[PDB]
Amino acid sequence: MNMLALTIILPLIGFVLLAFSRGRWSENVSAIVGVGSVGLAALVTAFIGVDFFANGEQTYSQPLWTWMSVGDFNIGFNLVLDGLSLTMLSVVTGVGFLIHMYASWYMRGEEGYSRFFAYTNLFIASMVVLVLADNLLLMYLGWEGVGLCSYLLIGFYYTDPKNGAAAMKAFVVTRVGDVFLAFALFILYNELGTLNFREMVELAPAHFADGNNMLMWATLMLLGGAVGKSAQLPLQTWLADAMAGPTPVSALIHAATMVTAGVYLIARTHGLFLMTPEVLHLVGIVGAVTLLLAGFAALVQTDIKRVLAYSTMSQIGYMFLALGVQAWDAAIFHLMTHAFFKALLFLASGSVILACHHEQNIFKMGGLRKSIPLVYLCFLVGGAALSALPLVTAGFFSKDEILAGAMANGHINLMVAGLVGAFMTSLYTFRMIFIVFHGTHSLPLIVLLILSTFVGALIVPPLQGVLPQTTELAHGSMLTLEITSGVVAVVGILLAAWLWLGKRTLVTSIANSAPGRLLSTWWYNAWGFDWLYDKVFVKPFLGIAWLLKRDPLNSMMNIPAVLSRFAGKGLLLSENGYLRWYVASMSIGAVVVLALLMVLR
Amino acid sequence: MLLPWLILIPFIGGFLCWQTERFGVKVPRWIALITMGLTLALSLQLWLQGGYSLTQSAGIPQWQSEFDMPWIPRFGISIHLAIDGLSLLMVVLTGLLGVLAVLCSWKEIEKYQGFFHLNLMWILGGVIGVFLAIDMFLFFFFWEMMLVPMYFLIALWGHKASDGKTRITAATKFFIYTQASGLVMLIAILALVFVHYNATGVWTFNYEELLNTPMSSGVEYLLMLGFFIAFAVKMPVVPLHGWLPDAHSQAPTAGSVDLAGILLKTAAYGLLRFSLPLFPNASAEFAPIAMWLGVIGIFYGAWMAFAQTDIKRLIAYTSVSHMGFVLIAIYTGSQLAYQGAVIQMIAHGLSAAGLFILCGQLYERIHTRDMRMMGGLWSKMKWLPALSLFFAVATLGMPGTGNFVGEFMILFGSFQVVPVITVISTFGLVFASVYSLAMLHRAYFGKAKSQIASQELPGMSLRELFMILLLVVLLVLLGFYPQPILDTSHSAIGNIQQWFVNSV
Ligand SMILES: CCCCCCCCCCCCCCCCCC(=O)OC[C@H](COP(=O)(O)OCCN)OC(=O)CCCCCCCCCCCCCCCCC
Ligand SMILES: CCCCCCCCCCCCCCCCCC(=O)OC[C@H](COP(=O)(O)OCCN)OC(=O)CCCCCCCCCCCCCCCCC
Ligand SMILES: CCCCCCCCCCCCCCCCCC(=O)OC[C@H](COP(=O)(O)OCCN)OC(=O)CCCCCCCCCCCCCCCCC
Ligand SMILES: CCCCCCCCCCCCCCCCCC(=O)OC[C@H](COP(=O)(O)OCCN)OC(=O)CCCCCCCCCCCCCCCCC
Ligand SMILES: CCCCCCCCCCCCCCCCCC(=O)OC[C@H](COP(=O)(O)OCCN)OC(=O)CCCCCCCCCCCCCCCCC
Ligand SMILES: CCCCCCCCCCCCCCCCCC(=O)OC[C@H](COP(=O)(O)OCCN)OC(=O)CCCCCCCCCCCCCCCCC
Ligand SMILES: CCCCCCCCCCCCCCCCCCCC
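Chains A and E, in that order, are what the protein sequence lines are.
Residues 5 to 605 (my numbering) are what the first sequence spells out, left to right.
Residues 2 to 505 (my numbering) are what the second sequence spells out, left to right.
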């Protein structure tokens with residue numbers, strides 16, 4: 005241990021070195037600096053994990069300094085380490101190192117190579133700050149950091165203005181989420197006097213014995229921040245547009261760091277959520293509805309990256325569903341396995357895009373299983389893990405644990421929502437696979453291939469002691485749940501093979517129909533949330549900005565000068581230069597003075 | 002005893018800058034640099050010897066250092082200076098920005114350069130005198146004294162690409178705004194002095210003795226309104242903000258003049274020192290109006306900043322929104338919100354200084370301020386777009402920079418006092434991110450929208466780059482370790498807050 009600060013400092017050193025190099029170094033030097041900073045962070049994480057299991061999995065604390073201290077407002081700069089923090093840190097550092105090695109191969113010959121690796125190193129450092137933070141304000145520092153690095157990396161190809169627009173949209177939506185999280189922080193400090201997670205959990209039951217309304221508001225605002233960063237309802241509109249950057253950026257955001265921040269926030273603050281059961285059930289409802297909507301929207305996309313983006317939305321909805329049914333271990337396990345297979349899928353799609361050119365539509369390319377066999381194998385394994393094929397994929401066991409936790413807590417509607425989502429997940433995943441692929445052994449790809457199978461399911465996160473144990477289902481109930489999930493996934497794969505593999509008469513007949521066209525247009529535009537948010541926020545903001553572009557308050561403060569100039573021009577008419585008028589004005593003034601004196605008396 | 006020299010070294014330095022122009026045309030910049038460095042060194046020595054971190058709050062008055070000398074004994078007027086933690090932080094900040102303003106005027110060597118440096122030094126000495134004076138007439142004298150060198154800098158040395166009459170119009174608007182608000186403050190000062198004279202029988206303009214003057218609620222409200230109008234012009238508070246973007250846009254295009262005269266916020270200090278202690282009941286009754294004016298300032302400044310096609314006006318309206326946050330912080334009764342206001346004032350000084358220096362460098366490279374004529378400048382310049390990205394990120398309210406620390410401590414304390422206003426102000430933070438990203442997208446990202454942007458531009462010099470990097474380091478250190486600043490201002494802030502809440 006005593007090296008968590010090293011796991012933060014090494015990506016920070018990489019970011020500073022690669023930023024101030026500003027492209028002067030060779031690509032080998034910048035590559036080894038960035039990839040080696042992330043790799044040394046991963047190696048220190050491995051040493052930390054070995055030391056953590058060497059003891060009795062006890063929670064370690066490393067207080068660096070005191071951030072701010074105004075009266076009772078004492079925010080410390082401290083790092084913590086438990087099973088949840090170790091799991092998140094290992095996932096972030098390991099998957100980030102694999103993505104960094106792939107990007108070292110992949111970004112060769114690109115402008116801003118060192119800038120790309122500086123931004124990814126700062127991304128990794130911000131995510132490590134987010135997961136290792138002892139309190140809520142240091143966590144907020146990491147939260148904003150991952151939002152900023154997402155803005156910098158999504159709009160990496162800055163010459164295309166659409167990439168910049170996508171990055172700006174992502175940053176603004178996640179900053180609305182940050183505002184919700186800040187509301188949670190303000191409520192929790194005003195009620196409990198601290199932002200430390202352990203101290204907040206200890207002091208929450210004593211303070212809210214009479215009224216629970218402010219704790220409900222705090223947990224609702226925590227949920228708002230979590231759905232902002234993890235792209236859930238109602239703040240999911242940025243993730244689909246965020247595919248403008250390089251494919252390592254998409255892999256990093258969708259697997260390693262950014263979308264897993266909301267799940268970590270809900271799981272870390274579970275002591276506060278258990279005291280507000282309605283808000284936790286609302287987390288489950290948000291996850292179920294988000295996974296259903298993402299499964300609907302992913303079925304009609306014409307691009308691989310958009311299919312994978314709505315797949316990421318669906319899987320994060322599964323994690324939120326697991327959190328809402330108080331299956332915390334299943335949520336973190338599914339987070340780890342989804343990080344594995346979604347990193348694999350994004351790197352394989354990047355290899356597809358690099359092998360092809362011009363970013364062709366999925367209906368353009370076809371029969372690609374013979375052109376690229378190994379990329380087809382990587383896509384096949386990643387889609388099998390995403391579709392939760394039984395007994396060979398880690399996603400099968402992850403979704404099985406999520407559904408078992410949903411069953412054991414008496415949540416039947418969330419269980420059937422998860423089953424429908426798994427069926428649709430298999431449907432859209434093998435729809436994309438059978439449309440694209442029908443009709444050189446890099447090390448990170450092989451590692452993610454191994455981790456996407458049951459080998460990744462063999463890894464058990466050390467959450468016993470941090471998160472409460474999920475209630476155990478009966479053996480017959482868990483057996484019939486395994487059977488039901490397996491047959492649902494299998495008939496999903498087979499129905500996808502019957503529809504899109506072949507002549508495709510039936511799917512074209514459905515799509516060319518008027519209800520088919522209406523549903524395809526509705527689901528393609530992410531259920532119209534982009535349109536609604538544009539018309540409700542973006543259009544009136546631009547309208548007020550146009551209305552105010554010539555400062556109105558400045559003009560209504562300028563109008564005394566206008567009145568003064570007008571009054572001066574009016575008074576200058578008495579200076580006509582006529583002596584008889586001057587005598588007359590003197591006599592008028594004499595009349596006025598005498599009349600005023602007689603009136604006043 | 003060092004406070005009179007803190008005011009006098011800028012004045013003597015400006016006089017020597019004017020006089021030593023005959024010895025050489027590139028001489029007075031060194032004299033200005035030496036005298037601003039001497040002022041900064043004396044401020045740092047007062048910081049080190051003051052022991053502000055170990056000082057406990059004992060009630061107003063409580064001065065770390067003091068100086069008194071009779072000036073107009075007929076009215077009980079004396080040159081009366083005093084320094085505590087808040088004034089010391091402001092004096093160190095204006096010394097640092099004065100050094101930056103001298104360095105930013107380097108390599109601009111024309112005729113009557115010594116008079117330019119004289120005007121700069123007199124502005125800086127007037128700002129320091131505002132921060133140090135603790136009697137009403139001397140405070141008003143320093144408050145109005147800065148406006149003449151500022152007026153002549155804007156009107157005569159201003160933006161050379163303008164019509165010439167626009168600079169005079171902007172300078173005249175600035176001067177009329179600030180001097181009329183000052184006259185309203187002088188009326189409030191005189192009426193307070195006469196109320197004290199009728200209550201006691203002795204003439205005084207001393208701030209220590211004018212405290213606890215017995216007066217009715219209406220008279221106290223009127224005196225508070227006069228003080229607030231004077232501070233609200235220079236804060237700026239909407240709708241009295243209109244002088245500020247015109248003064249920034251028509252300022253001398255080095256950008257040094259902004260840092261010297263427009264960038265610093267003596268009005269928040271004025272509210273803290275002379276509004277809450279002198280009229281605590283009136284400030285307590287006025288607090289809802291001032292906080293709603295702050296909310297309107299935040300959102301109006303953000304909306305105005307988004308709608309600009311000029312970079313300098315965008316930064317000016319950014320300043321308007323940040324000062325709306327500070328104005329919300331001042332009229333709460335929180336020590337935490339006051340410390341956040343202090344941190345936010347210092348952080349706004351550093352970040353706005355960086356933004357204005359970078360805008361001046363960009364304008365001297367591309368000879369236009371219209372963002373519709375520039376674009377894709379990340380690929381054409383070496384250092385400027387990345388540092389501009391950092392400073393826009395800082396003004397956005399980014400953690401790791403001191404703007405976040407100040408703004409979030411303001412919001413924490415304000416939520417403890419007024420929750421609804423805090424909710425609306427955090428959505429104002431969202432609007433701040435919107436305009437910062439809009440400026441970055443319009444200026445440095447995309448395709449070049451004109452022929453001047455489709456060229457390789459010369460890189461920044463070592464001097465400009467090193468002073469920008471100094472500002473970057475100071476903002477980062479203030480974001481990650483703000484504790485020395487908080488320990489410096491803690492005793493003075495506690496005195497102000499305990500005077501404000503115990504008398505209501
Ligand atoms: C902290 C852990 C994580 C927790 C969350 C934290 C979130 C907030 C972090 C904020 C950091 C700043 C982010 C915004 C600025 C990014 C600057 C940037 O993009 O730099 C890249 C750029 C090189 O890009 P390139 O295109 O190759 O070159 C330009 C063309 N020649 O670089 C350059 O051109 C040169 C460098 C420009 C400025 C870089 C950033 C300066 C601030 C950080 C380092 C400061 C110095 C270190 C010491 C601090 C004080 C002790
Ligand atoms: C969010 C990221 C995680 C944090 C690391 C990096 C943060 C940014 C680095 C630049 C700014 C650092 C500012 C703070 C430095 C340390 C402050 C300090 O000396 O604290 C005092 C403390 C002594 O302990 P104590 O007596 O308890 O003090 C309590 C405080 N009142 O002192 C100590 O205990 C010292 C402990 C060791 C600190 C080592 C820090 C090394 C940082 C290297 C970073 C390189 C890149 C910098 C730029 C990054 C981009 C912004
Ligand atoms: C309804 C219930 C659910 C509510 C959920 C919470 C709100 C979700 C909001 C999501 C929508 C955010 C959209 C942001 C898009 C930003 C990117 C973009 O489109 O940029 C375009 C434009 C760029 O600016 P410029 O550089 O001038 O462009 C050149 C060419 N156009 O830039 C712009 O046009 C700037 C657009 C700014 C939009 C500001 C949005 C403010 C959001 C406030 C949320 C309040 C939530 C609570 C509401 C009350 C509840 C009781
Ligand atoms: C579905 C997934 C999750 C989605 C996200 C989560 C749901 C979000 C729904 C709400 C939308 C965001 C607004 C959040 C406001 C939270 C306010 C709050 O918590 O206030 C606490 C405060 C406590 O006061 P209290 O202690 O009760 O006072 C009586 C004495 N005991 O309470 C009060 O003082 C009561 C009134 C508080 C103020 C309410 C209204 C504030 C203004 C909101 C404006 C929003 C739009 C801003 C637009 C800016 C300009 C465009
Ligand atoms: C206990 C429950 C157990 C599970 C029960 C079933 C759960 C739901 C399963 C839905 C999917 C069923 C599978 C078959 C239909 C979908 C596949 C299909 O045919 O897709 C065709 C087309 C998209 O395919 P595409 O590749 O674009 O076109 C071919 C290329 N030219 O597709 C389209 O263009 C649109 C196809 C629409 C298919 C029917 C959808 C029915 C649901 C509509 C919900 C509407 C919203 C909610 C209600 C609002 C109020 C009415
Ligand atoms: C060339 C054309 C253009 C230029 C010229 C335009 C006009 C310029 C002049 C404008 C100001 C007019 C006079 C305003 C002050 C009025 C004073 C007044 O009515 O006083 C009555 C009373 C005095 O107090 P009294 O009641 O005797 O106390 C003993 C027990 N209470 O007072 C009281 O009891 C207290 C009354 C408080 C409310 C009255 C003051 C209103 C001030 C308005 C401006 C400020 C508004 C708020 C802030 C906005 C942002 C700065
Ligand atoms: C330059 C030094 C590089 C050292 C790399 C060390 C790590 C091996 C390569 C990455 C493997 C990632 C595996 C992630 C597994 C996560 C398991 C979490 C368990 C809690």
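No wet-lab data here; the hints were simulated from the structure.
Quick reminder that beta carbons are idealized off the backbone N, C-alpha and C, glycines included.
Treat the hints with care, as some may be off.
Think about it this way: if two alpha-carbon atoms lie no more than 27 Å apart in a straight line, the pair counts; the simulated DSSO-like pairs of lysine-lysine are [unchecked claim]: (1) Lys450/E - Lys383/E; (2) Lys166/A - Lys166/E; (3) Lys161/E - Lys543/A; (4) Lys553/A - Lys27/E; (5) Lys112/E - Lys27/E; (6) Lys450/E - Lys553/A; (7) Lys448/E - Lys553/A; (8) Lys553/A - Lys166/A; (9) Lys448/E - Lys381/E; (10) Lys112/E - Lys166/E; (11) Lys166/A - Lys27/E; (12) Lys450/E - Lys573/A; (13) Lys309/A - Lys374/A; (14) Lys166/A - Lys573/A; (15) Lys448/E - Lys309/A; (16) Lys553/A - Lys383/E; (17) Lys383/E - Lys448/E; (18) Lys112/E - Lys543/A; (19) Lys166/A - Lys381/E; (20) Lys166/A - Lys108/E.
For the chain E half of the interface with chain A, some residues (derived, Cβ under 7 Å), not all of them [stated by the list, open to error]: (21) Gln65; (22) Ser66; (23) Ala308; (24) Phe446.
Here are some, though not all, of the chain E residues that point toward chain A, as calculated from beta-carbon distances under 7 Å [to be verified]: (25) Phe76; (26) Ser79; (27) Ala83; (28) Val239; (29) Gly243; (30) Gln336; (31) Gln340; (32) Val431; (33) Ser451.
Check your understanding: Which of the numbered hints are not met once you compare them with the structure shown?
Key -> Numbers 2, 3, 4, 11, 12, 14, 16, 18, 20, 21, 22, 25, 26, 27, 33 - these are the hints that the structure violates, sorted from lowest upward.
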